[PDB]
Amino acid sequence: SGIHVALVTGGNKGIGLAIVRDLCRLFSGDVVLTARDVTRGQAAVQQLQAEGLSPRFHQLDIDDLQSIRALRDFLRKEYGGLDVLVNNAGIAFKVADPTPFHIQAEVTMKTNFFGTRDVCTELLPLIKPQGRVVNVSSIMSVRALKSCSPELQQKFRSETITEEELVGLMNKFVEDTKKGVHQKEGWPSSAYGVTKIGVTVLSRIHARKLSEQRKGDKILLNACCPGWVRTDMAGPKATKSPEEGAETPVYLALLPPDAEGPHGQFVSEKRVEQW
């Protein structure tokens, strides 16, 4: 015991796998690969074992609170909590999918925003002093933000938005798309980008909370943009490999002890971007 733990959601493929890999290399202590599918998770653990690395495995579907809570119990029992969390897991419908737009909004939101949020609700209390939390968002959240009404821009830029208020903006977007009024209600047209506005802004909220509640515990929490990366979510035409895409999340997960930041930032290519 006293052994440090890092954990990645969505770890069986894509950028998440790559993050697990570099944490296995760079992080002192245990690295937990999580996957909603067991057999996908284990296959990828076997992948990493063939490269000479030793991740641990736990099941996790961020869409299931009982899965998240089982994961929470395991971390308390095995480690007394958590040093590093990376919220990597997410989904995007491709644009030509004929699924009704309101269903794409709702489904994407449920995982990207609401699943991420539940994991932070359950796991943040376990985060240990000198810990790091990394929420993988997207540069598309910036593009979605600027396509919002100025009135929605100001809410989402606010230094004092509360988690409850963000929850209701996220729900509003979904509800508006269903009633066929989101354009008029000032929303942008990317359901996905809106969920990452979700993630980007939760991060800012959560960072403030940690300094309100846990000043001195030297905990750093940030959103990031991994770049355009070649994974099941984008395509073979994307610019970065999964490995290149892991870079900024890994950087934010291993920020040295007692570093003063970045904290509550939106980080792309290891630099702080404007929100």
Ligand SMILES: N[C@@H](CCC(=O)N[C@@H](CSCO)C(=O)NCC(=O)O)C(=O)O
Given for the second form:
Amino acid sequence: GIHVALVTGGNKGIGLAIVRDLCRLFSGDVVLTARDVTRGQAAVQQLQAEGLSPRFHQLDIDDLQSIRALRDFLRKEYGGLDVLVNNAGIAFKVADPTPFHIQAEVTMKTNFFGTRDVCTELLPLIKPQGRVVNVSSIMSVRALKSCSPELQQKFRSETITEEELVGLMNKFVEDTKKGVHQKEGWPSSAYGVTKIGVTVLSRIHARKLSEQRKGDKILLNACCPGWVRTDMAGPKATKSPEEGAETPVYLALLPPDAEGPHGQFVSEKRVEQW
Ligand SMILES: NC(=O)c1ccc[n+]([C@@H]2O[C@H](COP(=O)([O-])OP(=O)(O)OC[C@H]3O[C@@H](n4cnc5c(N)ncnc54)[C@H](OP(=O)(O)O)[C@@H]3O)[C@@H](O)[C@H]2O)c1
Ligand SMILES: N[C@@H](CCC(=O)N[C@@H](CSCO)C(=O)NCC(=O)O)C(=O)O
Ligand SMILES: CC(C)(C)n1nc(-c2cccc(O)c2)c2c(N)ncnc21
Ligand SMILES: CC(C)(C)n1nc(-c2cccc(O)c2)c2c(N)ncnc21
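Form solved in complex with the ligand structure, per the form deposited without the ligand context:
Every chain and every other molecule in the complex is listed next, the one we just looked at coming first.
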């Protein structure tokens, strides 16, 4: 009955710092995952040289077969999962020349659909007193404010369903392909919209857990890790990966029986208004 925590996108950046902290603070096994097996194994070796003992499993959140193989591994080895940190994500660099509609499709595929597929496959494995942490971004809040009032209403809704949200996320991508995203009320940041998806998906999944698994004391939240020096944000950012890991780790390790936060967007360990 060994407890297990898992971090997606764990080979570098904020993900690696989360894995490192969980190795020290989580009472059980910690699984570092990475899409590239050599990069993941190198990260495990780095942490071993620091005196830590993470496990490794491959995971690419854009490959459903990869997610399913991880699901099967967790069921066989642990009988489920205690802590899930959905950290993996991508962004196009500012003024990357890639056509915007391609930036939209690609960023959405990973940040939203990939994250959603991991939740689809692994949420059923979450044990009582488990915790799920979805790494979103303050860019979701910024993007939300740049949406039309109609879209703001839909994304802030307490009654929105997962299928409605998926419809809206695909609508953004389709609108960019048709040359109509501005006209249809969307913001200019594709990354921002994908993080709207992550934030709102967390709200919905928290509602579903309270509906379907009441009594199991599972807490699920979205978070902003802050502005962190990584390959995504670059060297000018204000936080180290260590500092970036604090809020996700806080949310992952919420004491047993805690009533909240649940279904919240959390920054600097504090609940933000959506
Ligand atoms: N200031 C910030 O850095 C900041 C602020 C707010 C929110 N965030 C969010 O924080 C999370 C971590 O970002 P970071 O700054 O640490 O970026 P990063 O240094 O680029 O690390 C991203 C991690 O995600 C992994 N990843 C990307 N696509 C994947 C996929 N399809 N399957 C599995 N893993 C995948 C990457 O793997 P590869 O090494 O193989 O590319 C890497 O391990 C992201 O969700 C990001 O949006 C970051
Ligand atoms: N055109 C893209 C913009 C995405 C974007 O903003 N990328 C930032 C990090 S995501 C938070 O804004 C980035 O890569 N910054 C560092 C750099 O530009 O070198 C979209 O619309 O999604
Ligand atoms: C206090 C925690 C558990 C967060 N911590 N952090 C760190 C730590 C220190 C420097 C960098 C880092 O990534 C983590 C640490 C350590 N080296 N030894 C013992 N405990 C440590
Ligand atoms: C470029 C600025 C400084 C505006 N930036 N970028 C980010 C940023 C960088 C990479 C990813 C992300 O989600 C956000 C950021 C942040 N999280 N908090 C505060 N400021 C941020």
